[PDB]
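Number of protein chains: 4
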Amino acid sequence: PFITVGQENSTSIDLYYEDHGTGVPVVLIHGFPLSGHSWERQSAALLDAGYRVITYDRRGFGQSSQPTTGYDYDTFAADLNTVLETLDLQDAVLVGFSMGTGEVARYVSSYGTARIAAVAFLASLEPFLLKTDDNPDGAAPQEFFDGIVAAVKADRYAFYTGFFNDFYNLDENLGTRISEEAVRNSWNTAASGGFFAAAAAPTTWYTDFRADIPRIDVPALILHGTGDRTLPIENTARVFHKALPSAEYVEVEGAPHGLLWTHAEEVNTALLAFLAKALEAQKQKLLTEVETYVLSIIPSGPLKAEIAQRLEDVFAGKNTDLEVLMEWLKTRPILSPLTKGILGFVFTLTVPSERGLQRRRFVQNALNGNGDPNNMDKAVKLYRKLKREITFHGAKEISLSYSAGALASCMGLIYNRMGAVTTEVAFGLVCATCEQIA
Amino acid sequence: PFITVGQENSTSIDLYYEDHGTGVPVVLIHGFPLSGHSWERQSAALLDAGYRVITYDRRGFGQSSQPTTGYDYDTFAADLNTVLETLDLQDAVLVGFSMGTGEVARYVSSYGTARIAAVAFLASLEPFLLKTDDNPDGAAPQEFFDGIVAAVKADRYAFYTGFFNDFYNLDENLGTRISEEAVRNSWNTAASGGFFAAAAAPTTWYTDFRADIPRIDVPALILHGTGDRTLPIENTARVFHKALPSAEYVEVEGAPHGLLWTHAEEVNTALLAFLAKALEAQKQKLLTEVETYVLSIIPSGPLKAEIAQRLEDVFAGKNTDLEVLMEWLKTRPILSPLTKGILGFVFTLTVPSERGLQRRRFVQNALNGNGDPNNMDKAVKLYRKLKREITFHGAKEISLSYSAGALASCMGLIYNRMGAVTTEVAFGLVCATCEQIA
Amino acid sequence: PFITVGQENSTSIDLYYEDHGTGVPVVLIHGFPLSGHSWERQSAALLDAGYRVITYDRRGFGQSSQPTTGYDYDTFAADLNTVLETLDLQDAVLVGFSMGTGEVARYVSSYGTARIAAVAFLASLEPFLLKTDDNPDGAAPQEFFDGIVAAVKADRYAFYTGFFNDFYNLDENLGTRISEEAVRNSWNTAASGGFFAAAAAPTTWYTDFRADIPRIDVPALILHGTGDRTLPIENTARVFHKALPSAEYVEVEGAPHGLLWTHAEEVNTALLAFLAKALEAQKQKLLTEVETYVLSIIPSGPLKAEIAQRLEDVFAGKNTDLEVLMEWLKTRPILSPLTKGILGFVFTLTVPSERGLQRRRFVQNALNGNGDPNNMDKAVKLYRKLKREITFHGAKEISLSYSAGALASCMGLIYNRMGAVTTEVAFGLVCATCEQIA
Amino acid sequence: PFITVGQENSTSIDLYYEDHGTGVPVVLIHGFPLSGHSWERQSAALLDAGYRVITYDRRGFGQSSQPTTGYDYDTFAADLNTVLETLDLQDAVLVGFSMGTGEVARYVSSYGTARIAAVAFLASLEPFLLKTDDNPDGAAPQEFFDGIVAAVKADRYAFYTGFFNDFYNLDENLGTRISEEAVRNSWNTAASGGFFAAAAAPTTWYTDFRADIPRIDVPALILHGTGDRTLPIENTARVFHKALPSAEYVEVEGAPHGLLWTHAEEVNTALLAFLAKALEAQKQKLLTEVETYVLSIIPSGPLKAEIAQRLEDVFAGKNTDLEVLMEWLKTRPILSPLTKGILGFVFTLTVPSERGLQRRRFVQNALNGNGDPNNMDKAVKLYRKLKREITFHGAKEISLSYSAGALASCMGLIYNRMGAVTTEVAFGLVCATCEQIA
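Residue numbers (the deposited numbering), protein chains in the order written: chain E, 1 to 438; chain D, 1 to 438; chain E', 1 to 438; chain C, 1 to 438. A prime marks a further copy of an entry chain.
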């Protein structure tokens with residue numbers, strides 16, 4: 001599986017990637033000098049949780065092409081962008097490691113967070129590795145990194161065995177956390193990378209990410225090992241935590257750089273917990289926002305109280321039957337025919353349990369909107385535009401330039417054949433429909 | 001004449017209606033199982049008085065379409081809503097009878113009173129007909145209403161002759177209050193209705209309106225016959241009066257259910273009296289509305305209190321001389337020239353005595369608006385729409401699409417004796433002029 | 001509700017009709033000289049059974065326009081055609097009465113039975129009323145009918161009272177089966193018809209339908225009253241039964257012509273029973289035909305036996321859960337991935353109980369068909385054509401000119417968004433898909 | 001350049017006008033009997049200060065058409081309106097001279113000051129020239145003006161030489177303040193005017209503007225010459241100042257009527273000072289508005305406070321060196337590269353001192369935008385639209401319909417000197433660029 005992301009002379013820059021599972025897209029960005037297959041312990045856990053794991057090999061590493069140009073985070077983010085755009089991910093999760101944490105930071109700070117739901121930084125490079133007079137929180141001067149570069153061009157293969165000695169802490173974890181077989185393969189992966197890439201990659205480690213940090217507006221997770229030899233914890237995560245206090249901070253005791261394998265159990269537990277927590281918060285933040293707009297059409301009374309509980313009992317996840325709901329919604333005294341349709345429309349999008357009902361008829365008759373030929377035509381012009389939309393705020397703004405009858409008819413288009421459009425965009429119409437009747 | 005209010009399969013649910021006369025819109029809603037033509041005696045009196053009679057046929061009755069769905073007051077009110085919206089009525093009058101009294105209450109409790117000036121409940125269903133343990137004030141248990149439904153489904157046509165026997169009290173009024181021919185027509189009307197409508201209509205009689213009663217904020221009239229056999233007065237109007245004491249209560253002695261025809265002379269007298277009283281209340285309520293917008297331009301001080309008194313002493317009908325008003329209005333130090341014109345313009349329209357003398361100039365120079373042909377042209381374009389306009393909300397709505405300079409010149413047109421628009425639209429200009437200074 | 005079906009000089013020929021309920025379309029064609037409202041006892045029973053009742057007024061009768069041309073069964077069938085085409089009915093039921101039985105016969109013999117599922121003849125005219133030397137089974141010579149025509153032009157209104165005297169047998173059923181009120185309305189309906197229509201309609205009674213009878217290839221029901229005075233049972237249904245022995249024959253004892261009201265209970269019971277029986281037979285005749293083709297792809301073994309029972313337990317109507325079925329279908333040893341998708345596709349179309357499952361994934365991956373760009377394109381060309389198709393035989397023939405992979409991909413289009421197309425057309429693809437793999 | 005403002009028979013009434021410079025729109029209205037070109041000394045001074053000079057010729061004078069109807073101030077103001085509306089001026093300045101002062105006064109009392117920021121009356125006609133019994137403060141009786149009309153109709157050309165003798169005071173200023181050549185051109189202009197215009201114009205001089213004076217709510221400037229022979233200062237400006245005390249009053253000593261040329265130095269100083277005061281209130285509120293959008297890209301912190309100070313110290317006009325600014329902007333840790341370019345782009349547009357030196361590089365690399373052929377192509381499509389635009393609000397709205405990458409690249413085109421739009425439009429790009437990054 002490849003994705004063309006560039007062009008070099010006569011050759012085309014293609015990246016190897018894998019696409020597994022179904023659900024919330026989770027992008028795993030590996031680090032130096034491994035490939036996407038180094039996530040194999042994290043991949044298994046994410047697939048069991050019900051996520052969609054998408055891993056790719058960075059240019060010059062793994063099974064991807066090996067160019068001699070474009071080795072900077074501005075290009076790396078551009079490659080990530082191309083991957084996200086081609087695969088068309090919405091509300092995805094970016095998880096980075098080593099060099100991968102830089103790609104996550106650079107993408108959010110350059111391409112925004114229209115497609116991103118949450119981020120995770122495992123053994124990050126942030127905020128700065130280069131120790132200068134402007135930033136004493138560095139780990140080493142440029143003379144150190146230059147020694148590494150000269151070492152790779154000297155003997156790239158021999159450099160690996162020494163690098164992995166501090167990567168997994170073989171003087172501490174060999175035969176314990178990581179077998180001798182696992183070390184050999186990690187060497188093979190590094191050896192199967194680009195010769196020019198491994199010599200150019202370290203020159204990207206001392207890149208300044210200080211300008212990229214405050215552009216993070218999504219729930220973040222900063223995780224780092226205490227026994228990390230390659231990336232000193234005191235020069236990375238500690239000052240990063242100060243720059244982004246809102247991010248969940250987790251230190252793994254006695255964990256090397258490659259804590260993806262050694263301390264897999266600790267990382268996998270903390271990562272799945274963060275995702276289960278952070279995505280639950282936004283899923284619910286759209287539900288209470290919809291509930292706000294939906295209750296703004298219901299006249300104050302006992303029903304406005306009753307409708308809220310039937311919603312809350314659904315928003316929490318308590319089992320409820322639609323037949324009783326759809327019937328109880330029909331036999332409602334205060335509610336107008338128009339608002340019965342809107343409530344029924346919400347109830348279908350909020351319950352995983354459809355109860356095996358094809359569809360209801362009282363709402364279809366309610367969502368007609370007086371059946372005006374010019375009004376139904378204004379509903380299909382909207383329906384084509386909502387399919388191209390991705391965000392909640394995007395769906396609401398577009399569907400606010402149409403009449404209330406048009407929105408209802410447009411809701412009818414979505415009610416019979418959904419969908420196409422997605423639930424986040426679906427709520428954008430509903431929140432717009434209830435807002436127009438005010 | 002039809003108004004589309006719904007949709008059924010391939011067919012459209014249309015309602016037959018009539019629009020006669022010019023003046024204050026009066027909407028007459030018939031009851032079971034007649035049509036809009038049953039108001040022909042009340043209509044005639046309203047047409048002679050100078051009102052605007054608007055009658056429509058309920059779905060499944062009269063000349064309207066005959067659907068098999070939506071026979072509840074929420075649909076009945078929704079249909080009523082669509083009718084009011086299409087004709088775009090402001091400060092209209094709702095008169096209900098039998099089932100029609102239910103539609104008025106449900107409309108007010110669901111769609112508000114933005115278009116309603118006053119309401120009237122003739123032989124009401126309110127508050128409840130179904131006699132249960134929670135409400136002993138019912139007229140009969142559900143087994144009774146179900147017997148009627150079963151009687152209709154047996155032979156709806158044979159059911160009519162028996163129904164009309166207690167409807168008009170033929171053992172008391174036949175040959176006296178109502179001829180046999182008029183009864184024949186009432187049968188034909190019932191026979192020309194929907195078969196499903198007549199079988200679904202009785203199930204709406206025992207609807208609870210107790211939650212809708214206190215939502216009535218417009219002047220109401222509760223009228224009922226003492227000899228009503230179909231709707232016992234002790235189970236309807238008597239307990240209805242306790243829930244809404246503010247409503248004018250009038251009993252017609254020895255009057256049956258169909259008192260629209262039998263005691264027509266009595267009903268028309270009580271109804272015309274109610275409108276002349278309730279609208280007089282609103283005429284002055286528009287004057288206080290003008291006072292509201294006009295005082296929002298006057299600076300806080302002793303004058304803002306005195307001006308309110310100068311307005312109220314005129315609005316009530318107390319005798320006042322223009323010479324004192326026009327002179328005292330002229331020699332005011334703090335008030336700007338613009339607000340002098342608006343105050344003078346109001347003062348000229350509310351007092352009948354101009355004395356047949358010259359015109360004034362200080363108001364004329366402010367309301368001239370500099371006398372520019374294109375500015376006067378935006379005033380005559382306004383003048384062209386205001387002579388064709390009838391309502392207060394209509395004049396206001398139109399002159400808000402014009403420049404601030406245009407409003408001044410248009411107020412000048414009516415003051416300078418060029419134009420001659422109605423009193424209600426003139427205030428629409430004033431309220432719009434005062435609205436622009438905000 | 002009107003349907004334009006013709007043109008006369010400056011005027012347009014429109015027909016009044018009603019469209020109620022949802023389900024299998026049942027067209028009720030009234031007789032002379034009533035309207036569609038005369039089905040009001042049959043309409044109520046059909047609406048409770050779950051059918052879709054569609055009644056219309058014949059040209060020159062009821063609320064329909066009253067032309068002076070086109071009074072023949074060739075035109076009457078043409079009008080029926082226009083109604084069926086405009087409403088777009090599929091697998092509908094034609095029920096005729098008096099003159100209406102002729103319209104049913106003429107339509108089937110001229111326009112085919114592409115839209116017809118079953119027919120019913122209540123008090124038929126078939127096969128011939130005119131008693132000549134060629135057909136002694138007539139009821140009267142032409143001199144009799146000519147006396148009627150002269151009687152109508154003499155006094156159309158007076159003719160009705162005498163006609164209804166033999167129509168309902170008032171000397172037998174008045175005050176018993178039919179009230180005096182019901183008779184008055186039937187008069188009103190006849191009086192509200194076309195003056196020229198009532199004088200031209202009888203000249204259509206002695207029309208020869210002998211050439212139309214053998215074109216009936218659908219399940220039929222011949223019903224007639226024994227006490228029918230207008231249409232002698234011995235001259236109609238008796239010789240009709242001989243011409244069509246396959247038709248269910250039912251005689252109602254002591255029933256007049258208008259047995260629609262008098263013997264409503266007997267007719268409604270026999271009609272609902274025939275429909276419940278006759279449509280069950282075809283619904284099942286498509287299921288066993290599909291089962292035949294579906295089992296023709298499964299290799300002989302224990303599963304071919306097991307798959308048949310899971311289908312039969314569904315075809316009968318026994319409750320079954322899809323989750324167990326879809327999972328058991330997945331974990332099948334002999335079955336290829338391709339055939340798993342087809343079985344899952346059948347299981348979704350056969351159960352009313354969807355169990356509240358959004359959709360399955362193993363079948364979507366199965367129905368891909370190797371994901372060939374040229375093969376998926378050949379699937380959408382088919383999908384546009386299947387929406388325009390109506391019959392089972394029509395769907396099969398079209399979808400037999402495409403590759404097996406195209407059908408699978410086309411089944412995928414229908415699997416994600418059905419539908420669009422309908423189940424009868426849906427099975428046409430399946431039966432074609434399994435047939436191509438042979 | 002012409003503006004259609006009316007219609008006369010087969011011909012169209014067009015006015016010649018000029019639109020020069022960029023900044024606050026200043027409309028200069030000339031007087032009798034010259035043209036718009038008589039402002040050439042004020043135009044030059046206003047253009048150097050950085051204003052936008054807009055002059056037009058009154059109907060019947062200069063290069064404008066010469067109709068024989070519509071010679072009154074109500075029409076003159078109407079013409080001015082059409083010009084202001086067509087050009088769509090916002091917060092403009094109306095400056096009148098001689099006969100021109102009446103149009104400014106006449107415009108403000110009819111169309112408001114929604115488009116007007118300030119007004120200026122040079123050698124005004126206000127408040128009244130006609131000496132009557134109501135106003136002894138007049139300049140002349142009706143017999144004087146009638147003598148002028150008769151003098152013009154006698155020999156319009158000969159009238160000019162005598163008129164200009166008192167217009168510029170040739171017996172005092174000839175050869176000193178104004179040459180004989182300048183007078184000759186002034187003669188040519190008057191002779192090229194309408195014959196009927198010069199005979200109808202004087203009849204507008206004695207028009208009453210007293211009702212128009214108190215409607216002036218904007219900062220005003222009353223200026224007049226003391227040695228004015230055509231308009232005696234004691235009968236015009238002296239009593240005008242009393243009617244509008246809030247207006248800045250400035251008398252030019254020893255100045256004739258035509259003080260636009262003779263005392264240009266005196267007028268330009270007083271006019272620019274008046275403009276510098278009334279317009280300054282608006283000048284600062286747009287600069288802070290730019291600052292508002294610019295600060296919306298800077299992350300909240302200590303720098304957001306320092307950057308605000310760096311903006312304010314430049315907007316006021318305090319001397320600052322770009323080398324320190326561009327270097328300090330370059331060596332900023334928190335600021336992203338993209339926002340560095342925008343700040344540098346603003347810093348380059350706000351300081352007049354380029355030092356006649358080189359360009360900067362850190363901004364060139366930021367405004368590149370990844371150098372994508374399609375993103376850069378969307379930048380040149382914008383540049384074509386921005387060269388034709390004039391206002392700040394106009395530039396912002398257009399460049400808000402393009403992508404963020406295009407805006408960056410478009411800012412690059414103008415910065416790398418591949419284009420040249422105005423400062424007001426330049427900020428329109430910046431303000432549009434900053435709004436999209438949110």
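No wet-lab data here; the hints were simulated from the structure.
Check each hint, because a few of them may be wrong.
In this list, chains with the same sequence are indistinguishable; a pair is considered to hold if it fits within one copy or across any two.
As the list claims (entries may be wrong) - Here are the computed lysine-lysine pairs in the DSBU-like style, where the Cα-Cα straight-line distance is at most 30 Å:
no.	residue 1	residue 2
1	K385	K283
2	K131	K304
3	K396	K381
4	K385	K396
5	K396	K378
6	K330	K153
7	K153	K277
Results for each hint:
Taking CA atoms no more than 30 Å apart as the test, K385 paired with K283 passes inside one copy only; the shortest distance there is 23 Å, against 41 Å between copies. For the homomeric pair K131 and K304, the shortest alpha-carbon distance between copies (26 Å) is at most 30 Å, but the shortest distance inside one copy (56 Å) is not. In the homo-oligomer, the alpha carbons of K396 and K381 lie at most 30 Å apart both inside one protomer (14 Å) and across protomers (28 Å), since each shortest distance falls under that limit. In the homo-oligomer, the alpha carbons of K385 and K396 lie at most 30 Å apart both inside one protomer (11 Å) and across protomers (25 Å), since each shortest distance falls under that limit.
For the homomeric pair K396 and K378, the shortest alpha-carbon distances inside one copy (15 Å) and between copies (27 Å) are both at most 30 Å. For the homomeric pair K330 and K153, the shortest alpha-carbon distance between copies (25 Å) is at most 30 Å, but the shortest distance inside one copy (74 Å) is not. With identical chains, the CA atoms of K153 and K277 are at most 30 Å apart between copies only, with a shortest distance of 27 Å across copies and 44 Å within one.
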